[PDB]
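Participant: Single-letter residue listing:
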Amino acid sequence: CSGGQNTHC
Amino acid sequence: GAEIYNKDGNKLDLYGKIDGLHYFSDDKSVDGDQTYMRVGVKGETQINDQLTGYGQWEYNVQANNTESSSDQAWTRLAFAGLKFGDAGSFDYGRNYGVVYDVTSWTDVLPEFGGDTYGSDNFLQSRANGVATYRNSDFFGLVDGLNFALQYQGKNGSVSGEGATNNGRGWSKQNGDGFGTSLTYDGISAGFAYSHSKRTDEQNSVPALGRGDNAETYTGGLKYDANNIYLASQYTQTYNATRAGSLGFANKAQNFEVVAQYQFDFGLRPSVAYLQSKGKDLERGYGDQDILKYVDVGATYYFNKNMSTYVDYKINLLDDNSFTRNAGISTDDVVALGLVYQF
Amino acid sequence: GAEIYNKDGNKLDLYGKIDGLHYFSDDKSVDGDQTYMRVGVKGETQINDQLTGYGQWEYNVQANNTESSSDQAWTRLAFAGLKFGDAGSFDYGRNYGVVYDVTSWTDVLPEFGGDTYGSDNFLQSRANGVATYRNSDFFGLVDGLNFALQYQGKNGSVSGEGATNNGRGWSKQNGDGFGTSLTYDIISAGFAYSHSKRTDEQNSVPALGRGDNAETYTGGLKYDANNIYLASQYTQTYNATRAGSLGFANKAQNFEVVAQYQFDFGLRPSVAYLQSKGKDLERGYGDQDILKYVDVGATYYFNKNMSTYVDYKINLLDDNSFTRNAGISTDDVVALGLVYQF
Amino acid sequence: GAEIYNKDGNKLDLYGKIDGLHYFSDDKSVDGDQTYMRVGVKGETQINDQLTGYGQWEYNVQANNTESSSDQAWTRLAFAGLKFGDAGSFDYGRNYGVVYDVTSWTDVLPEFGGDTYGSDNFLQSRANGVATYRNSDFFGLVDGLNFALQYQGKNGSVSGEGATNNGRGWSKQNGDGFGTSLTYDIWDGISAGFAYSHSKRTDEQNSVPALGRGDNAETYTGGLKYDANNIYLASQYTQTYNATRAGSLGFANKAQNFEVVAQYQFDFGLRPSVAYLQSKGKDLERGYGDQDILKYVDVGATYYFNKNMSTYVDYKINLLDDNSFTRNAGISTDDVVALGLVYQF
Numbered sequence: 000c001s002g003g004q005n006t007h008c
Numbered sequence: 000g001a002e003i004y005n006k007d008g009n010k011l012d013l014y015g016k017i018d019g020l021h022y023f024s025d026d027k028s029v030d031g032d033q034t035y036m037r038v039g040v041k042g043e044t045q046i047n048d049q050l051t052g053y054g055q056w057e058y059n060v061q062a063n064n065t066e067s068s069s070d071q072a073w074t075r076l077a078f079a080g081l082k083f084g085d086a087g088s089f090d091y092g093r094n095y096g097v098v099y100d101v102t103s104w105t106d107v108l109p110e111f112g113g114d115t116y117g118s119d120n121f122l123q124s125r126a127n128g129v130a131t132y133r134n135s136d137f138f139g140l141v142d143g144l145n146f147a148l149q150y151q152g153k154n155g156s157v158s159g160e161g162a163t164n165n166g167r168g169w170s171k172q173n174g175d176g177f178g179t180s181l182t183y184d188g189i190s191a192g193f194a195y196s197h198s199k200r201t202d203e204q205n206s207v208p209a210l211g212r213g214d215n216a217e218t219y220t221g222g223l224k225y226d227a228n229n230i231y232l233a234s235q236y237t238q239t240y241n242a243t244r245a246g247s248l249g250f251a252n253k254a255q256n257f258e259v260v261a262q263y264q265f266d267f268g269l270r271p272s273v274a275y276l277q278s279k280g281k282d283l284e285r286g287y288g289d290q291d292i293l294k295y296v297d298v299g300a301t302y303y304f305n306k307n308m309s310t311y312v313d314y315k316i317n318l319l320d321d322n323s324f325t326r327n328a329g330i331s332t333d334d335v336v337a338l339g340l341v342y343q344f
Numbered sequence: 000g001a002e003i004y005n006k007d008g009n010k011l012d013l014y015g016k017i018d019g020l021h022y023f024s025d026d027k028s029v030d031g032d033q034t035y036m037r038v039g040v041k042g043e044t045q046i047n048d049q050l051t052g053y054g055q056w057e058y059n060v061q062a063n064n065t066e067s068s069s070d071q072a073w074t075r076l077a078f079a080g081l082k083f084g085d086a087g088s089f090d091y092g093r094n095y096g097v098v099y100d101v102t103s104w105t106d107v108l109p110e111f112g113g114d115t116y117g118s119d120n121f122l123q124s125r126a127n128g129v130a131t132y133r134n135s136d137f138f139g140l141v142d143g144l145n146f147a148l149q150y151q152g153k154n155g156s157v158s159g160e161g162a163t164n165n166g167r168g169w170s171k172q173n174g175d176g177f178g179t180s181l182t183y184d185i189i190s191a192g193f194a195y196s197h198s199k200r201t202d203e204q205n206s207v208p209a210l211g212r213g214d215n216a217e218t219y220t221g222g223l224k225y226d227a228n229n230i231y232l233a234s235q236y237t238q239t240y241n242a243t244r245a246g247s248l249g250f251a252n253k254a255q256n257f258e259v260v261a262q263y264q265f266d267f268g269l270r271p272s273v274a275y276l277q278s279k280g281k282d283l284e285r286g287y288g289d290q291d292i293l294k295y296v297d298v299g300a301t302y303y304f305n306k307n308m309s310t311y312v313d314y315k316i317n318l319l320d321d322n323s324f325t326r327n328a329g330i331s332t333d334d335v336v337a338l339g340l341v342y343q344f
Numbered sequence: 000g001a002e003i004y005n006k007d008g009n010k011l012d013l014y015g016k017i018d019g020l021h022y023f024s025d026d027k028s029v030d031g032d033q034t035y036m037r038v039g040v041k042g043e044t045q046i047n048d049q050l051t052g053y054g055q056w057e058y059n060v061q062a063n064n065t066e067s068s069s070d071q072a073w074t075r076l077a078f079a080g081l082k083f084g085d086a087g088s089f090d091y092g093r094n095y096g097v098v099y100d101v102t103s104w105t106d107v108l109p110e111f112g113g114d115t116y117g118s119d120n121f122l123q124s125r126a127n128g129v130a131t132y133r134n135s136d137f138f139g140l141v142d143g144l145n146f147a148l149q150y151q152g153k154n155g156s157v158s159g160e161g162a163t164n165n166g167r168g169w170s171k172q173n174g175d176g177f178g179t180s181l182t183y184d185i186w187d188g189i190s191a192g193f194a195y196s197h198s199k200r201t202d203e204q205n206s207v208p209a210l211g212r213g214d215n216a217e218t219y220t221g222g223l224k225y226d227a228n229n230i231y232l233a234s235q236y237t238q239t240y241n242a243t244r245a246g247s248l249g250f251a252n253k254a255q256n257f258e259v260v261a262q263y264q265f266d267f268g269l270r271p272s273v274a275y276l277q278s279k280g281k282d283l284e285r286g287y288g289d290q291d292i293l294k295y296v297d298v299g300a301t302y303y304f305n306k307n308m309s310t311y312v313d314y315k316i317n318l319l320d321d322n323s324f325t326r327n328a329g330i331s332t333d334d335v336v337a338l339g340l341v342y343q344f
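Protein chains in written order, with the deposited numbering: chain D, 0 to 8; chain C, 0 to 184, 188 to 344; chain A, 0 to 185, 189 to 344; chain B, 0 to 344.
In short, the hints are calculated from the structure, not lab data.
Treat the hints with care, since some could be wrong.
Claimed, not checked - Below, simulated DSSO-like cross-link-like pairs (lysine-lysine); rule was C-alpha separation at most 30 Å, straight line:
| hint | chain 1 | residue 1 | chain 2 | residue 2 |
| --- | --- | --- | --- | --- |
| 1 | A | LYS10 | B | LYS6 |
| 2 | B | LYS10 | A | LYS41 |
| 3 | A | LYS82 | B | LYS306 |
| 4 | B | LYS10 | A | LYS153 |
| 5 | A | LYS306 | B | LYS6 |
| 6 | C | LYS82 | A | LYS306 |
| 7 | C | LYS27 | B | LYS199 |
| 8 | B | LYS306 | B | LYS199 |
| 9 | A | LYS16 | B | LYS281 |
| 10 | C | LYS153 | A | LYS294 |
| 11 | C | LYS16 | A | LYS16 |
| 12 | C | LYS10 | A | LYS6 |
| 13 | A | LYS294 | C | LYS6 |
| 14 | B | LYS6 | C | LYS10 |
| 15 | C | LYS10 | B | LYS10 |
| 16 | B | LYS306 | A | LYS6 |
| 17 | C | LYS10 | A | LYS27 |
| 18 | B | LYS41 | A | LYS10 |
| 19 | B | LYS41 | A | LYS41 |
| 20 | A | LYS41 | B | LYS6 |
| 21 | B | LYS10 | C | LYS6 |
| 22 | B | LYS6 | C | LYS6 |
| 23 | C | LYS41 | A | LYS10 |
| 24 | A | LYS41 | C | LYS6 |
| 25 | A | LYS199 | B | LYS27 |
| 26 | C | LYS153 | C | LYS6 |
| 27 | B | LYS281 | C | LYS16 |
| 28 | C | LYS16 | B | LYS82 |
| 29 | C | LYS16 | B | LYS27 |
| 30 | A | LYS82 | C | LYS199 |
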């Protein structure tokens with residue numbers, strides 16, 4: 000649910 | 000990555016990392032332990048002197064919850080493709096969108112950053128059923144110019160008229176779409195453009211965001227030389243940026259810029275700024291800031307296999323009705339990490 | 000597979016594939032992306048000159064849905080066993096049924112096929128808690144005769160009178176059962195038989211299917227020579243074939259035939275026909291066709307590690323009350339795939 | 000395990016097992032197939048002559064349910080850390096509590112055992128967000144003395160005032176806590192250990208369950224072990240305060256756990272084992288008074304074909320008496336028989 004690299008939430 | 004097999008013209012590469020991560024925040028939805036790990040495999044076979052086949056799988060496992068919890072592991076990448084020497088390449092599966100080819104230049108922060116867009120959000124990040132054709136050096140016309148096309152099939156609702164086999168909520172649905180990218184050259191310049199149809203569910207269920215098509219224009223710049231990394235990208239989207247949980251923004255203008263310097267002994271301090279402003283929002287919201295914060299942090303590399311980092315996100319958003327309704331966090335976060343990469 | 004470890008008489012084999020797959024169909028429940036991958040490990044240890052131990056695990060991961068989806072990975076095979084030289088072998092765990100030993104000769108289609116039976120359906124496919132004894136050359140008697148014995152424990156309801164630790168719905172429950180198989184090379191001929199007890203919940207919850215025992219009789223033929231592959235099998239079942247979601251068929255007859263030819267340059271066209279007729283159904287259904295279609299397709303092998311195929315299923319089922327109530331698809335499907343095998 | 004890569008000072012070890020397991024019991028909640036497998040990876044890189052980095056991940060997959068089942072796989076261990084020559088080591092992630100350093104001496108049974116404590120139960124077993132500093136030989140001051148500290152971050156509810164990002168039910172929540180352990184080898188074979196932990200209790204743990212009221216969860220453990228001459232003897236005694244689960248009814252105000260195990264290893268590979276386990280609760284609420292939480296005797300044996308394949312049989316003789324407390328708390332009081340066939344790689 001966030002920009003591809005370090006998933007957030 | 001670790002090459003664990005190379006015989007008969009076929010090679011297998013195993014890669015991944017284990018991240019011991021902790022968050023310090025006043026937001027109870029993000030504060031606490033955030034341990035996880037990644038694991039994946041990369042393959043490549045030599046069909047003949049001028050044809051090559053390959054495949055890559057990437058899988059994410061969360062390890063910050065109890066053993067009785069649910070939905071802690073998911074797949075990030077899965078695709079197979081062919082390489083026709085220097086005439087280009089083609090692959091199909093779950094892969095990155097062509098917008099990422101430009102927006103990844105600023106996605107180099109230790110823990111935060113790269114969140115003006117989301118995964119499974121049209122062609123801005125990892126998507127499902129994307130067929131990508133990539134050509135290096137633009138056939139033979141020029142040198143150093145990368146080029147790519149992409150096409151994505153419809154991913155409809157769980158059930159109903161617009162359903163497909165892999166249904167999902169309106170936040171991750173899309174219609175037929177396509178995209179192109181173009182990067183040219188330590189200074190590099192990039193441009194990406196995507197265009198997708200919007201499902202009927204996305205136009206009726208959420209309160210914000212009405213339109214027929216989702217479009218994205220991205221321009222990028224990058225400097226990478228003399229242990230200096232400067233990158234910035236500006237993106238203007240149309241009915242394609244999520245306004246939290248309330249829907250989609252009619253118009254958005256994202257701008258993120260990052261500056262890094264790599265020291266001789268392994269320290270890589272970084273400074274970045276990210277913002278995302280929405281326009282023409284319904285329900286009387288008007289123009290609102292979807293994201294705005296300053297990121298300060300540093301990373302230490304013991305070697306290519308072990309590293310540690312600290313990341314400090316200074317949230318500049320102001321709490322108001324829109325942020326509370328859309329569930330957008332407005333609190334500072336501090337992250338501590340210790341990563342083993344294999 | 001890729002043998003990644005061989006020391007001290009113990010060898011580890013890592014195998015799997017990544018399948019970029021797309022379906023073209025009018026049925027919204029199957030149309031769309033179908034990308035997935037398989038990963039597994041095969042082991043074998045040399046206990047002594049005439050005793051050998053082994054174990055095999057197989058994992059299926061679906062990569063055609065978003066990162067927040069649920070239940071996208073599951074285990075296909077997991078068992079451990081021993082080999083007593085040439086006196087036979089024994090293994091226990093999640094493994095194939097003995098009926099598969101004969102019904103797999105027609106499961107060679109590119110994408111479709113092998114769907115007259117389902118998984119976790121008594122002893123016809125992969126099952127839980129099966130103890131299998133397999134003997135090659137039939138002790139010391141006639142050569143070329145393969146024999147197998149199997150026993151499966153009870154897998155009951157989630158809770159109640161007939162519960163076990165691993166509960167499940169009535170469509171996958173079973174009682175104590177056993178099965179036998181026998182294949183011979185003369189061109190090959192095979193015969194299989196199974197017999198299982200039916201749980202109380204299976205005899206009360208679903209509308210169709212009443213009986214105490216589940217029966218299965220199977221006979222098959224196979225020709226594999228001179229780049230020609232011919233195979234067929236006929237199966238007669240009693241209270242063992244699922245009539246969609248309505249329950250079980252009192253009597254069912256399954257018939258499959260497949261013809262394939264392998265070209266010298268790598269093309270392998272295939273033609274097949276499958277049918278399954280149910281008899282003596284309750285609710286006044288009478289005799290109904292559970293499955294009937296013609297499969298035409300071809301496969302191209304670049305090498306042993308890379309391949310692509312096209313599969314066309316021509317559905318001959320007629321839409322009626324039974325098909326709609328049981329949720330049986332009656333639409334043609336076209337499949338395109340690009341597989342990397344490691 | 001199986002070392003599959005060793006180059007540039009970095010080594011990878013792949014390990015796991017496949018267990019074909021069946022249970023025979025009159026309790027319908029445990030009888031049936033219990034097949035599963037484990038897979039994991041252990042890594043280690045040589046940063047320099049006196050600094051070393053490492054990481055380990057362990058993952059559990061259940062294979063005794065249908066392909067459409069849910070929640071059949073979970074992570075057991077995941078941590079990364081550093082080793083500082085001989086000055087000690089530090090690691091963070093999902094790892095064992097320091098109480099396990101002593102209580103694992105009796106966790107050597109074929110299939111059963113080690114059930115006086117649960118997982119994600121404060122610092123007695125595998126937990127989340129544990130920062131563990133381990134020192135061997137006590138800074139080099141005295142040889143053979145192992146030592147360790149631990150700190151654990153709060154793991155609150157799914158939502159509410161005391162929520163965190165990784166929420167959970169009251170049975171696995173906790174506050175900020177710490178623990179220490181200390182094990183020494185008196186001479187060859189004989190060893191002695193001692194552990195202590197202390198954690199804060201969340202608000203839901205003091206309001207939702209019926210049994211167990213208190214501010215802090217404490218645990219005192221002391222164990223003994225003899226391992227020589229193909230003979231294995233071990234025992235551990237534990238006293239807890241508001242830290243032992245009394246079934247699904249909540250927590251026991253006072254609990255005393257005792258486990259003793261005796262094993263012998265034969266020349267040809269047979270390893271018979273005998274053990275006894277008990278867990279007695281005190282001062283329970285709702286008029287329950289003093290009740291037995293766990294009491295059974297375990298008899299079994301193991302046969303090793305080699306270091307990669309083995310089989311075993313385990314018999315658990317349950318001595319618990321059925322009453323109101325056991326039925327209400329859902330504690331099984333039936334005997335169980337287990338058969339296993341394991342391949343390890």
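Participant: Now, for every hint given, state plainly whether the structure supports it.
Facilitator: Comparing the hints with the structure gives:
no.: 1; hint: A:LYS10 with B:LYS6; verdict: 21 Å, holds
no.: 2; hint: B:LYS10 with A:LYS41; verdict: 22 Å, holds
no.: 3; hint: A:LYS82 with B:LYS306; verdict: 17 Å, holds
no.: 4; hint: B:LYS10 with A:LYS153; verdict: 44 Å, violated
no.: 5; hint: A:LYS306 with B:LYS6; verdict: 29 Å, holds
no.: 6; hint: C:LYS82 with A:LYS306; verdict: 17 Å, holds
no.: 7; hint: C:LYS27 with B:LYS199; verdict: 18 Å, holds
no.: 8; hint: B:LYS306 with B:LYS199; verdict: 43 Å, violated
no.: 9; hint: A:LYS16 with B:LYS281; verdict: 56 Å, violated
no.: 10; hint: C:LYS153 with A:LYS294; verdict: 29 Å, holds
no.: 11; hint: C:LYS16 with A:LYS16; verdict: 22 Å, holds
no.: 12; hint: C:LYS10 with A:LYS6; verdict: 21 Å, holds
no.: 13; hint: A:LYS294 with C:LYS6; verdict: 44 Å, violated
no.: 14; hint: B:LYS6 with C:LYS10; verdict: 16 Å, holds
no.: 15; hint: C:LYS10 with B:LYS10; verdict: 19 Å, holds
no.: 16; hint: B:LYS306 with A:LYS6; verdict: 12 Å, holds
no.: 17; hint: C:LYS10 with A:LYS27; verdict: 38 Å, violated
no.: 18; hint: B:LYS41 with A:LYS10; verdict: 19 Å, holds
no.: 19; hint: B:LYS41 with A:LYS41; verdict: 20 Å, holds
no.: 20; hint: A:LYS41 with B:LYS6; verdict: 25 Å, holds
no.: 21; hint: B:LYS10 with C:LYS6; verdict: 21 Å, holds
no.: 22; hint: B:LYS6 with C:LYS6; verdict: 18 Å, holds
no.: 23; hint: C:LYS41 with A:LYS10; verdict: 22 Å, holds
no.: 24; hint: A:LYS41 with C:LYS6; verdict: 18 Å, holds
no.: 25; hint: A:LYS199 with B:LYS27; verdict: 18 Å, holds
no.: 26; hint: C:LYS153 with C:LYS6; verdict: 39 Å, violated
no.: 27; hint: B:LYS281 with C:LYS16; verdict: 46 Å, violated
no.: 28; hint: C:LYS16 with B:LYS82; verdict: 18 Å, holds
no.: 29; hint: C:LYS16 with B:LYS27; verdict: 41 Å, violated
no.: 30; hint: A:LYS82 with C:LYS199; verdict: 58 Å, violated
In this structure, the earlier hints numbered 4, 8, 9, 13, 17, 26, 27, 29 and 30 are contradicted, and the remaining ones agree with it.
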